[PDB]
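Novice: As a plain string of letters, each chain reads:
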Amino acid sequence: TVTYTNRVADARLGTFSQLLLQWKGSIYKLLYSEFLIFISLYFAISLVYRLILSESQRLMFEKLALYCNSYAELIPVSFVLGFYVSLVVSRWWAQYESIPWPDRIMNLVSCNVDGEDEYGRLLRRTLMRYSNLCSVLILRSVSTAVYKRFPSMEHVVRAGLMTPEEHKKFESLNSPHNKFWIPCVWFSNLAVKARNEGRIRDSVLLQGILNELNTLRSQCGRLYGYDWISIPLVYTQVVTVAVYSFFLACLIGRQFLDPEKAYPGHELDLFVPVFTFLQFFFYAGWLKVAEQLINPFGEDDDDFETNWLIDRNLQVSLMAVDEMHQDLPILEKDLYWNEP
Amino acid sequence: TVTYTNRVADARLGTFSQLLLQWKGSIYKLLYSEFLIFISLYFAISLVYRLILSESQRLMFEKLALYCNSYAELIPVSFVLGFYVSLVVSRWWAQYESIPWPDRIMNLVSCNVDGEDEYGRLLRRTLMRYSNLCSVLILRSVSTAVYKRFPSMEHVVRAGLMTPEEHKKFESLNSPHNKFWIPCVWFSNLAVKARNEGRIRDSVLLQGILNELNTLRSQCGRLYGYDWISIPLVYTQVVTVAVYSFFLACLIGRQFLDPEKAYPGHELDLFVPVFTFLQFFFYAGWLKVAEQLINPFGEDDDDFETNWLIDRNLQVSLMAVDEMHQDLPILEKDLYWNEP
Amino acid sequence: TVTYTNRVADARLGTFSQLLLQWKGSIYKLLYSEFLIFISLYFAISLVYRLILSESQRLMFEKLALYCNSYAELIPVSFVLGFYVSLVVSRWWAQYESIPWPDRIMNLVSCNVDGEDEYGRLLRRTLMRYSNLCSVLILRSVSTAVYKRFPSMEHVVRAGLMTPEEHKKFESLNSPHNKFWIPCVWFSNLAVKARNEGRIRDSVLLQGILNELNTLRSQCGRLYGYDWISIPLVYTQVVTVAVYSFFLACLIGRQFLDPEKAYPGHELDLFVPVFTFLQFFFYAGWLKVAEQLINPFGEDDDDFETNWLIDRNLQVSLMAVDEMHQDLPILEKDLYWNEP
Amino acid sequence: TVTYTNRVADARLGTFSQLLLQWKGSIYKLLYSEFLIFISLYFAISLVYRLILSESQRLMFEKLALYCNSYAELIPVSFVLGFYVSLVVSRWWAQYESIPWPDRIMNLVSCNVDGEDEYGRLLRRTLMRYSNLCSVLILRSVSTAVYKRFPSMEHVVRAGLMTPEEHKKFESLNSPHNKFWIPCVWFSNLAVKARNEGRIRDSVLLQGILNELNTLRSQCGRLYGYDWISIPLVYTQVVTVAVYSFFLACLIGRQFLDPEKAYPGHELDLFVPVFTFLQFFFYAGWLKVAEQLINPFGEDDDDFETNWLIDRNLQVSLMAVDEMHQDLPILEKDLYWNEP
Amino acid sequence: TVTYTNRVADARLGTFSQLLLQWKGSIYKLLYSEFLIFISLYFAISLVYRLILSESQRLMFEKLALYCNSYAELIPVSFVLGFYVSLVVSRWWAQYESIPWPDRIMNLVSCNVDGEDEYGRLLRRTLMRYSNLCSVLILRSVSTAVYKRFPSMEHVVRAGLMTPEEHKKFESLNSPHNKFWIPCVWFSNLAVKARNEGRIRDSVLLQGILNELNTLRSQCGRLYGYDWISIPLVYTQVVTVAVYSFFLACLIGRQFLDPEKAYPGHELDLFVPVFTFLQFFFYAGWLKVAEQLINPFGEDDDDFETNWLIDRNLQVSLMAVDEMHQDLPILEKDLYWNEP
Ligand SMILES: [Ca+2]
Ligand SMILES: [Ca+2]
Ligand SMILES: [Ca+2]
Ligand SMILES: [Ca+2]
Ligand SMILES: [Ca+2]
Ligand SMILES: [Cl-]
Ligand SMILES: [Cl-]
Ligand SMILES: [Cl-]
Ligand SMILES: [Cl-]
Ligand SMILES: [Cl-]
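Residue numbers (the authors' numbering), protein chains in the order written: chain D, 2 to 341; chain E, 2 to 341; chain A, 2 to 341; chain B, 2 to 341; chain C, 2 to 341.
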């Protein structure tokens, strides 16, 4: 993700104009190759019409170009493109909101799993590691970046997210389906074990912890659902066909015809169709943005920073439940305190 | 469902162009027959106009074609089609999100229903089987795929989802309505029975399990509501009438008229209306996608994989609450552990 | 409601074309009278122009028809109609989702209100009857079908939904406002009374039951809000004025003018304006669908089946909490059971 | 609010046509003055053009009118108006849904705050009065109708919503901010006091009551947020400028030009621009509806009936928790009862 | 924020026309510089065409202006602008709703943390200060106004939001990530410490307080997500390019051409393009409003009043949990009381 929120805090003269100079995460970088191909095809066809074709062939080409320019409006580019982009964008934000955070879980684990000894620290750290492991498992199922970071479970073990004993237990459980849900069952059973050993005071606090665990599970299930249930392939095919056919038609219909023939709309020959290239910029770019957002867990510049989030969650959880377990600053009177 | 999320992780040159070559779940496969019918009708009418009709009849046909092409724009195809498709798509995703998953229930059942003996295993397995049975019952009510898998309750018994004793009890209960809610009542009563026998420690954990059961029930009720309350038939009729009438008009108005008559827009005779066929592709295909998504629980290529989900849920639940009941990996110090 | 979900499970050739032959819940049945009136008015005006008017009067009529056809596009029919229909449709589905179901309540009442004796059965049945009575009261407030079924409270008593003692207590409570909330207070007080008599084990289960009761209340309040707060009358008036004025203009502007005058667009006289009648079908039908959906609790073919839902809820609740209280099938090993 | 839901239950011939005859809450009543001003300005300009201007001045006016009519389409009236109206309407319904109701609170207070003596009645009545007082305070902050009913806190005291002792305590608390949140703190502290005196059985029921109180608070906070955070003034200014400039242009561009000059579109002189007046009706009326809905807590005919809701809530709450505390109808066998 | 809700309570003649006279938070103030630049460029080009260019150069300029005016409609300004503005507006309101309020927390802390002595007051005040500190930390991360108020943590200490001991503990915790979550862990641990010392009666009330704390955390996480995940830069670049290119084209295509050349649409020379300047007002202003709303936590006139909210929350929380802890008005009979 290329964040620029702080740069656009205030509406000033040209507060978006500076953002046009940026290359990382820009429309130029996404549209470079398609734009170059389209421009080269247009100018090759222009050179063929201007230098190669004879008089009769130029007349035939002019008729074909008038035909294409008139009937290319039958292609409902904006109709399909707007629907497709709205669907992509809603799914994009919903997918961000489904990424699990350990903060709600760690607040309860840090304060309700008692014991400053080695066993209490082990329990709190293991619970946090199980929750983070569920998140890691589903993320590497749904994200190519995370999967390239952890191409096998041995990589997960070498990163300290899973112990070798947990890896052996994980592999001993036989299931022909995705095993991201295993650490949630491990978490619930460990929490109940902590409760039965006196480390969790009572079943209200245990149930609060289990509720947060199930909330985390539901987040992972939403990630799984957006990965599994992609946008229907028919929509993707239709929208790319619409854009591509419209600009293939424009490759002929937007040529600069001979001004001596006095065709309507072809009175001035400027050689470069600035407005056609602009229209390509807008529509093709709209499609390319949809192409980048359709899976926001890849390695695009604007895709979600999933590996960074994994690192942050691990470090913050382990610090919250180990370093900051019953570790409070000294209670003192604040500035606004008033004596009785 | 034809998932392709991993293939479009990164926005590259033509990241959607490869998807155009796929046949399963494609627009081509959905639109094949309608496209063939439309093309055949257009070319039959073209041959009648070109070879059969005389001069006066050709003149009458030309007038009719100008009339049809001018006044076919009174048909608000995109107006009705966009609304209908937006409604279909919102209902499609909402229906996916209403499919019940047993994970939240199984996390609590695996850890809070005590006993490593035969009776504890029987209790946990039976509770999970009841929840899965409710999901199966509503799914076979709402899904033709699941119904064809389980055409009667005897098929449900033979698949191990229901015991013969449970089938006899199920049939003994007399109700002129859908009986998918029975296993939820069975689940709540069994959970209370487990609590009264000491298998559930206290009523906070019992209430947590019952809350998850009621959440599952609400999912099943949402499935029932989307099945029962279909999109109003009036909308379906209006939208199909709009598409069909528009392209029936196009069968006449988009013919290649005689260029010698110098009709405006009929200067070039290309025999094949490429842009009319494209417009059919887009609009008719938009309707066909709506036809495929209107009931996403059928046997379309892009419909939900309900039988697979049933299998996954059953296997995962039974493993979670039986194999993984109080079965934790050895607690050990993680990689990031620091000594005091 | 006319459900057809099972008929459109799979996308086939013409999967919507069969639905065009249905009359119940169809656009034809809703639009019959308006279509007949519009067609009769058009043909009466056509006969006046063709047979009654003289030359000067025909010329004046032709000028008026050109004027009306040109300036009827100033009426933004689709602009207002799309907004009005989107509002109607969102409110329609939200109103369906607000209809209360007793299943969540009955799951807890069946399992947590103890006693197989007469008093336990009386308690469970009375609690379910109170919840169903709240739903019935709000439904007969908001639904003309339910109100015609129960035109007074005596009809509610004769249907077994309310006892005569409960009717006397209900009438003794003096309130100048809608009394649908009374049975919820009765339910909460009876549940607390059951708890105080030992029939509910503890206050966690009591609070769970009260939470479900309050969830039910909120559903009834949403029904009350959609009934009370109708779509602003200004919108309804504006949208009907727009449709009616547009087609009143079309009654003149869409007449077949004399082809000898060579008016642009009036070259061919077909006597029947097929595309004008189609445009009436689509726009007027869109309005009629809004007219049918604006109150989905009436007696339209596509309105909600509220009386059937009342019957289903009553029968299912009473069976759940009486016949199926602590009445479980024999626990037995399932098909997938494995011995230790 | 002008409710008409019962009148449109069934879709019949002209089910909206009757609503056109209503004056209260109608578009005619909202648009009367603007329509009269627009019509008078149009006819004054028409009289100036027809009777006062000379030949050269008429020619200049005709050129200006052609210019204005052609270039007034550059004003994107529907673009801005549709967005503004959608925002207004979403905020309108969200504001209705944020109005607090005491029913959920009163169900718990009536059944869980024990004691049939004077002190129990005082406790229940005072708790309900505190919750209603919070709602009243926020409503008079956000509603001009409620504020005109209660212009000072003395009016609130004289209406029995607040006792004089509570008014003295309320004024003794010093805060430079809105004090609508005070009675919620009072409610929570009184509920805990009732619990500590044995009037609330245990802390699960106390916590349920506090949860409902916090739900009520959140409703009041949503009301506060919609009042504080109005629709951005820039949007309101832009949309009114767009409507006003478009119809100021129409005051010139829609005049009936001299038919002898044979201007295109000015062939027939009807003196009254029926379609221009219709277009004013639709667009200006759309803006006026937005003007009425932007603050639905005023004194418009279609604004929310806030004073009536206040009265209803007070009476119903006091009856629920005082008259109907442990006051149940006699338990008896229902009509469907079956003996063992 | 410039609130004007009270001024538009009632729909009257010109209820929006007064708002046009306001300068603070107005479209004029946002669009002043861009409008001046556009107007100056247009009139400079007009003077060049009218006074500097010769006959041939004027003819070339006229051809270029016809070309630009015809082909500037290929730029889909409204298509991209409407999508971008809808996304901005949805994110704007969602960001307001994510701002944390301490009221739900303070209601529970004021009533459930016992003790009128110094230690009870210290506990309640410290808990409220921790929750407010979390909100302050995330706000200064996401808001330039709050960050300019508190440029370092020393400023937070000097404002009484954090004690120097808490600052030393805060800095001793080592984390390469944003530390806004620290005070939530501190809050949970302090609440558990209060519970273990007898200040919180039992674990149901403790869990209620922790649930409200986690709700607050989730609000802070939503703020963090909207700050981190900005609107994709590609969209911002595309939309600003579309607006800027369209009006750069209008700088040539909307010039007043020589009326003697009888170009269609250039019959009247008024020197000032009133409708072009209006179209700039609407479209450019629409973009500027998006520029102001894209980060509503800045220092714009219409941005959220975050510093004021911080002040209000601090003062109200400290008063709620200290001055109003077990401090209730005298219980007395209300006006509507009836004796038995
Ligand atoms: Ca991507
Ligand atoms: Ca299907
Ligand atoms: Ca109806
Ligand atoms: Ca108002
Ligand atoms: Ca800003
Ligand atoms: Cl789940
Ligand atoms: Cl339900
Ligand atoms: Cl309610
Ligand atoms: Cl709040
Ligand atoms: Cl969070």
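Be aware that a few hints might be false.
[Claimed, not checked] Under the rule of at most 35 Å between Cα atoms (straight-line distance), these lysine-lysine pairs were calculated in the DSBU-like manner: (1) C:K180 - E:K334; (2) B:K262 - B:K64; (3) A:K169 - A:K180; (4) A:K334 - E:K194; (5) D:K149 - D:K169; (6) B:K334 - E:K194; (7) D:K180 - D:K149; (8) C:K30 - D:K25.
Simulated from the structure, these hints should not be mistaken for laboratory data.
Novice: With reference to the structure, classify each hint as holding or not holding.
Specialist: Here is what the structure says about each hint:
With a CA separation close to 26 Å, the supplied pair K180 (chain C) and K334 (chain E) stays within the 35 Å bound. Straight-line distance between C-alpha atoms of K262 (chain B) and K64 (chain B) comes to about 11 Å, which keeps the hinted pair within the 35 Å bound. Annotation: proposed proximity of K169 (chain A) to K180 (chain A) holds, straight-line Cα distance about 14 Å (limit 35 Å). For the proposed pair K334 (chain A) and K194 (chain E), the alpha carbon gap of about 18 Å is at most 35 Å, so the pair holds.
With a CA separation close to 22 Å, the supplied pair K149 (chain D) and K169 (chain D) stays within the 35 Å bound. Under the criterion of a C-alpha separation no larger than 35 Å, the hint pairing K334 (chain B) with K194 (chain E) is consistent with the structure, at around 27 Å. Taking the CA atoms of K180 (chain D) and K149 (chain D), the gap is about 18 Å. The hint holds against a cut of 35 Å. For the hint pairing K30 (chain C) with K25 (chain D), the CA-to-CA distance comes to about 32 Å; that is within 35 Å, so the pair holds.
Of the hints listed earlier, there is not a single one the structure fails to meet.
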